[PDB]
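For reference, the chain that follows is the form deposited without its partner chain, supplied as structure tokens.
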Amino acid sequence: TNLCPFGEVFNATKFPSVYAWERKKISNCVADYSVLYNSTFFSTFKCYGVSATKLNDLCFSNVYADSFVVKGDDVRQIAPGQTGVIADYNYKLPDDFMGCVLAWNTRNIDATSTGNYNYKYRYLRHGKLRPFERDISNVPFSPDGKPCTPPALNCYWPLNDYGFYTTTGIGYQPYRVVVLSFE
């Protein structure tokens, strides 16, 4: 009884911004993938920290699922040991990560001809994130560390919008991402 709430993960109408990534717990449930929508085709499906003795982990029966959107060229940062703005300041996996990263192109729902700017990422921060840390503040940033009031000079806004347009290359298109941690 109780089927896994994978629909809430893969088929959610809205996905979070990566700076505001969301986690859902999946445990103590039966998996029925037949009640998900068809046509969710993973262009990335990469698993880390898996051993032959623990191949049963790919049944996904006890899992945390983290969801967010990035641009295509940033999907490579959702891996252990990566650097760049997403890994450093938004969503960080541990080096010893045990889990899988799934991504799929969502140009058709997440991009517009006029530009969808609803998804954001943090580009400035005082410190990189530890693994599975999350920062949701939107506080003026000063390089020197001092508190800071716009329009003061050397005072910056730490988030930047992705701009998702319908007529750009794949590296600039939106990807929904789900990271499953074996647990």
Contents of the next structure:
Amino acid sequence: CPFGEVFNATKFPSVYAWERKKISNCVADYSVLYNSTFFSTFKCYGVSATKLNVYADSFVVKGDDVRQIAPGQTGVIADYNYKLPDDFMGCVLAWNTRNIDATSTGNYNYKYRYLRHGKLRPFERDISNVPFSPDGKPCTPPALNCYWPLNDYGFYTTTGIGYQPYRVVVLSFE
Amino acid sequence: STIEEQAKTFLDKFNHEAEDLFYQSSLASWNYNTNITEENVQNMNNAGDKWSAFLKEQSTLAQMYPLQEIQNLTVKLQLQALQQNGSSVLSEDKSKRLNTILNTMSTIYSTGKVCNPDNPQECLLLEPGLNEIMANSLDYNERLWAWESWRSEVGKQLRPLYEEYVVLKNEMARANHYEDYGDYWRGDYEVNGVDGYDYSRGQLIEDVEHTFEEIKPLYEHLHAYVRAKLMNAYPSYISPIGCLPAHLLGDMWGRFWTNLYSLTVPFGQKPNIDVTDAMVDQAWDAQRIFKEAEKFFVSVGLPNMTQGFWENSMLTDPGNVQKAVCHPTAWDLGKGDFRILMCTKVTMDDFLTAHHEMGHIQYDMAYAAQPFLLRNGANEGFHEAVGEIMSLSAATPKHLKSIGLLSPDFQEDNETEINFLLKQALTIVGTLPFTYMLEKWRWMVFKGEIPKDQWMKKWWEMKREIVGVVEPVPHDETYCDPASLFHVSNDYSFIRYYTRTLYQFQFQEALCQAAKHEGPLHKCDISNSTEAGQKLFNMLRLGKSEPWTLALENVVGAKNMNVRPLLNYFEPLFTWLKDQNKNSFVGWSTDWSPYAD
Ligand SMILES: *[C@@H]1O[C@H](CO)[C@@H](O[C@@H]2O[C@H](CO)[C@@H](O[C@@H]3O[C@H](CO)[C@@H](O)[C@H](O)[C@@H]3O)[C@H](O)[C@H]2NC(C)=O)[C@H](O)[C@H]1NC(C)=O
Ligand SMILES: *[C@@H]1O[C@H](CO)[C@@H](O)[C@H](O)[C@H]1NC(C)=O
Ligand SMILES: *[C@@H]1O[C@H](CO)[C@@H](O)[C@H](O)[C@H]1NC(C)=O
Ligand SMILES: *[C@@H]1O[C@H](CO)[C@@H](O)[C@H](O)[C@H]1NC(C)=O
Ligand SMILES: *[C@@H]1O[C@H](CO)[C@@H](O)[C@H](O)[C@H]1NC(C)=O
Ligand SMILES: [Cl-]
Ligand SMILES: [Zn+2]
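Next up, the form solved in complex with its partner chain in place of the form deposited without its partner chain?
And the full complex, kicking off with our chain again.
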């Protein structure tokens, strides 16, 4: 029911600081999304039937980064921002949002993590903004070998499709 | 961790910080070339300078990761690139003044005008007007004036600056652990630390010269033939056994013999393969041109263009009020944004160009997966090689039939084929000794082998002996003709023009063979062979990630450069030239002069 609140929402978060919305009891039918070429991914990792009757994760990533919201899966986004368990699963949906999340001029609102001492456990979250040093040291930039672990995506309207912004909504089943 | 694992992280910050910072510059630069404007010009600079300053900063930063401590080929490469000291390695004002030289040279060249020795109110610039004389006029004297004026009014101006140029540049070069500035340029072809596929800065010089020797017979004969035709157009000015007067060669320097086609056409009754007036016949436009080249590639299993290519490109001059620089360039911007800026006119030549530029785009799209710093042609010569390879195929009488431009019922007799080959030889074959000689002079001048007081003495010695071309007026060290050529006075390695020529043919002979093509190699069109696609694309996706020897070896089957394909293409010209030369003299004397009399 409160799906319009979820992926119809004006404001979507960064990947690293993703949001989780708790949905229980509410009666859904799924047809709200089932029949629509509004979406660009819609690949499930569990089922795809309808039994009238749950967690919703929202965030924005680059075109080429959608691949990474799946069991297994490569790096950066999957490694430091949003990890999905090898087993246990539900469904993943995505849509191109160039129209909203890109200014011709550049939209650097959205961030993501590229550096962390250690990969994430699934469904874990890291909101920590500490200057990173590959030897676990304290760090006082712009000193050499100091890095801020967060990178601005930078969404220009004109880039390749793989570089345009996509909103993502992960539906987990419990 | 290992300073390697460290350097990896440094590079990983760089790639993201640059990919963006470039895209910004890119985009401003784009805004400008399509819309020249005070607002758009200023902007182009700001973004461009945050850029070069970011590069300088990251260069000085990588300068802290010791190359002699990395065992990963890939990252060593990226670092090597980044930690080029360049012009920084000089004193505060040594680098300053150098930039002062490099700047005015560029200017006085582009700004230099020349006026009539009788009518001081008509003053010509090199572009157009002056190079227009040098490309069209058949009036011996008028040409001689245009040739000499340039080299006298502007050569002599560039002389003192080029003098100091060589010093400060050789200083920079030696301070970077090179032998001379020349050695610094051959460095582009260098590959160390990859058993078997290596290539030393010197291995070029010998390779170039070795390959250049096999050109001689072909060149010598081209020479003899045009030498003869020329005599007819300039009666009593040319010795049937001497060099060609520098000013009769159809462009300003004689880099290209293209324009002597009027004067030298083998069978001038036979007309021109030209479908421009038959593209207009089927009311074709810009988009049809590009959609068609797009077909051409999708046909060999490369991908379509991007939606953002069709959305963001500019294929037509947008009339007046908004004025844009029309030079056919293909843009790789960053962030999967690829586009072309071309003022497309419904013409064969523009049609072909469209294939050539869209061929750069493809290469760009290919090596895009690559990390930022590895996104380039294997060497300085790969990109353009690929550019031409698309023109080559798209121009064959065969392709034109299928594309429904050339009429099905048109036959192709063995005389039209000769005309076309000669057209080519004028351009492709003419410029090879020119280029080689040109570069040889520089190399040596940089190696300290040519003393200041014999700079124009050895220049013209070498022109006479290698290129087979004589100065119509003698020049002392007051002149500086080598630097009367954009590339030389604007600080530019010129040999890439030699090696690019040679690859383009090696690429084609390979591509054509894999496309299973039957006849003479110049009738080959790779259309429709996904096989030719695959092999090309195999080198194409690498960028600079591997050594240019492998990238070559990925398509051609060898680790080195080879002139034989280039010859094989001109085989039926060569044989046909020898006959025309039957009762002509092949070779020349370096002693004859058109003035010493
Ligand atoms: C030399 O340096 C580069 C550092 O980039 C190394 O290539 C990179 O290293 C890892 C190998 O652990 C690659 O990870 C692999 O990615 C693929 C992606 O689909 C995945 O299938 C593999 O299971 C693995 O995760 C990574 O892709 C690659 N990075 C780049 C830039 O492509 C290379 O390994 C180094 N040489 C050695 C052997 O020390
Ligand atoms: C948002 O919700 C409404 C139903 O209240 C629906 O009409 C619309 O299709 C939804 N849009 C999206 C983006 O799912
Ligand atoms: C071109 O010029 C106009 C000025 O009339 C300017 O407003 C506009 O931004 C420019 N267009 C482009 C391509 O940016
Ligand atoms: C390839 O070219 C031929 C003629 O050259 C054309 O008839 C054929 O359909 C083309 N096919 C493709 C897929 O490009
Ligand atoms: C190439 O582009 C056009 C766009 O309309 C399309 O019809 C065609 O199928 C494309 N080919 C490929 C590679 O899918
Ligand atoms: Cl000259
Ligand atoms: Zn080009």
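Between two forms, the rigid core is defined as the largest C-alpha subset superposing within 1.5 Å. Residue numbers count along the first chain shown, from 1.
Check: For the list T114, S43, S137, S51, which one shows a CA move of 2 Å or more between the two forms after the core is fit?
Finding: Spelled out, the residue whose C-alpha shifts by 2 Å or more is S51.
Next item on the list: Align on the rigid core first; then say whether the Cα of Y33 has moved by at least 2 Å between the two forms.
Entry: Comparing the forms between the two forms, which are aligned on their rigid core, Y33 does shift its C-alpha by 2 Å or more.
Checklist line | Inter-form CA displacement between the two forms at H126 - rigid core frame, Å | finding: It moves 0.6 Å at the C-alpha.
Margin query: If I align on the rigid core, how far apart are the two C-alpha positions of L153 between the two forms? Answer in Å.
Written below: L153 C-alpha displacement between the two forms, core-aligned: 2.2 Å.
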